[PDB]
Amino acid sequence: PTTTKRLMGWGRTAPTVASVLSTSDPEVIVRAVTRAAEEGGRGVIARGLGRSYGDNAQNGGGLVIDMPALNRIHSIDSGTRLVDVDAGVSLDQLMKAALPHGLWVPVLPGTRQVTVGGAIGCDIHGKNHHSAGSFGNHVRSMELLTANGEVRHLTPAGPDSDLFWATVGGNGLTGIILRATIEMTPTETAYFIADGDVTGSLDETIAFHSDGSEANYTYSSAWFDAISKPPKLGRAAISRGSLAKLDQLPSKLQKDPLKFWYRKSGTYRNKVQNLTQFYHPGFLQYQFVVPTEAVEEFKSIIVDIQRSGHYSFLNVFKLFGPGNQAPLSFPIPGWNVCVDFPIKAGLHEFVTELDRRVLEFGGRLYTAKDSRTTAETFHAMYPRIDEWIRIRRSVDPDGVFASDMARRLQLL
């Protein structure tokens, strides 16, 4: 039942207070939206598990629908590879449910604690982006509650393709997704055949990813060094691989294939690994991508980070593949970097500086990772933003759907 609560992003900054609804009944959500439309307060926004670091899933003064309560899985079909799920279904929940059927979650982020609705809302990406694209590429259909109380059937190629692609990466600003059909990835096992490599510099890391080699693997990411001075800066521990076939597993693991003095270094070949072993090996979360061809410019950001004295120990490096049709979708082909800055004096001035260099080089920031950037910067980082706003207003003219991010980045 609707009640006032303090809500925060994962980064635990900029708290605001809102009214919160938690229901497993789609009809209560419809009535709440229609009621909010007829009364027109500060607005409605859907919330998933709250794994975004910023302010996209909160609406100070308004209403927030806690979506995790709406978590029924309707059907799993190995033949079509299709899965019909409530937007509040967890990726962890869906994984556990679809694995015995031989189906794999097509895009897996760093944590399995995200809703389908939040996966779509931020168009999440994973280690397999260069081969699979982002989460939006794998949504066959979705049911979207709009400001007028209508539930719209949306498809990537069909009649409402425009609303579909404005919803993907739309950060809940086109309405509340109630339900989706996801096309899962077929798999024989829950294991990876993996290669490990180590490089000695930023240049080597770049070159390693630049020789067409990435096409040999479905999944690829790397940790890199952001603390050492050149020539050691950028040296990386690269982890690449693909889902194993059954005949590639040792016999001891073939029993249960879909189950949930040596020198130890980062170089190995054709290693069989489970999900934990392949993935796993306050703080300002910062993520940016610059275009592939902007190699020297990308290098300059990494160098400047190191020179700045802001020291990040947890950094992820990935080469993104082609993007998709969503105007607000974060990934573009090019160099993606996640960095974790300990909060210190001068950090905020520095990230402001980083934002503008990313802007100049043709790059963008991720909505799931931001709480600080300015509206003029963000608009400029997404060339299709005005096209998106026009679509958003067509389905929500009176601004029934709103969030702290939407007011901050002027997305209404």
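Here, rigid core means the biggest group of C-alpha atoms that superpose within 1.5 Å across both forms. Residues that one form lacks are left out of the comparison. Positions refer to the first chain, counted from 1. Compared with the form deposited in another entry:
- With the core fitted between the two forms, just one of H138, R81, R112, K299 shows a Cα displacement of at least 2 Å, namely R112.
- For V358, the Cα coordinates differ by under 2 angstroms between the two forms after the core has been superposed.
- After superposition on the rigid core, the Cα atom of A380 is displaced by less than 2 Å between the two forms.
- Regions where at least three consecutive shared residues each shift by 2 Å or more at the C-alpha between the two forms, after core superposition, span 61-70, 109-113, 367-370.
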Given for the second form:
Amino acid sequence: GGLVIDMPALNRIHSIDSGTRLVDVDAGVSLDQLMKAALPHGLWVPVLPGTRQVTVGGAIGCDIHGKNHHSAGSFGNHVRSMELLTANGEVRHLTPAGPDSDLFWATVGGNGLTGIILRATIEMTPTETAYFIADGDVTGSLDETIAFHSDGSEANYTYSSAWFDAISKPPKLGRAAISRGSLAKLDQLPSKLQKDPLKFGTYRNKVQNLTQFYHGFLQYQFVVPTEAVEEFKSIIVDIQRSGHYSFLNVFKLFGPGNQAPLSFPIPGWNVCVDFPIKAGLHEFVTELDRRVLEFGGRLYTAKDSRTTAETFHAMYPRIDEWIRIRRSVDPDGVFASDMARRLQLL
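What would the structure be for the form deposited in another entry, rather than the form deposited in one PDB entry?
Coming up is the bare chain, nothing alongside it.
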């Protein structure tokens, strides 16, 4: 396995300044660790994780996104600088708009194939409390769910997501339980909670914390461009027809994207389904991949893919630009993984 080092002590938080919302941090720092440390400073990690073990270096590498993408974008959006260890042993200082910005944005896209992220400066989101104030809504059909996200009311909530019915036959199909909200201001909390503001179906202005608001299978996530709404509906309908019933289904409308060539999010309709591993599933997924790509969509790529190199290269129009950068920074493919070879990133 060649070079294998484990550095659990590379998790130092160097500085937290609430006046700049800036945090100077080791790449080994977990986002969970970061928020516990940044909370008393009135700072909030700009894109929430999905694991208490995911690191800053990993969050930049995967360019993670959450329920607030339409307002905050992706995690790469908030990186002000980082130190990259490259194949030649050099430690590069990368900024999103200075020279080396090409390497910067190739780093945000890539999963460490551009080198090892060692340290980073991240701009935090200022907050008065650790609570959300939210509105709950329910729709009766897929068409209603679409219309609900098309009134331009997304500008009134920094966070937004929906759970839709993917099992029911139309017109029930696509009916959703929608949850939208924002960070609570101090004056919006009940007095019971104002003492320690930064402590770790249908409704209006409900105050809830992080674990109340944000809360054998095949994870499948895709995004279809906003204008292709009829094509998006078609995919949802055909999924329901296929017989592959998913219980947990997340719906979301992405905002604009990064300058990162391999950044997943594009503006449009984001759907996360958990397919029970039935017979003929892999055939349907293949038949689901071509449909998504056909309309100009994109798939999410984890280790659980099950995604060909042709599909991957087709998803990302700037992939050749990225590959050129990877080669210039790692010609012998020292950081190259098995995943990189299969997707043909060398």
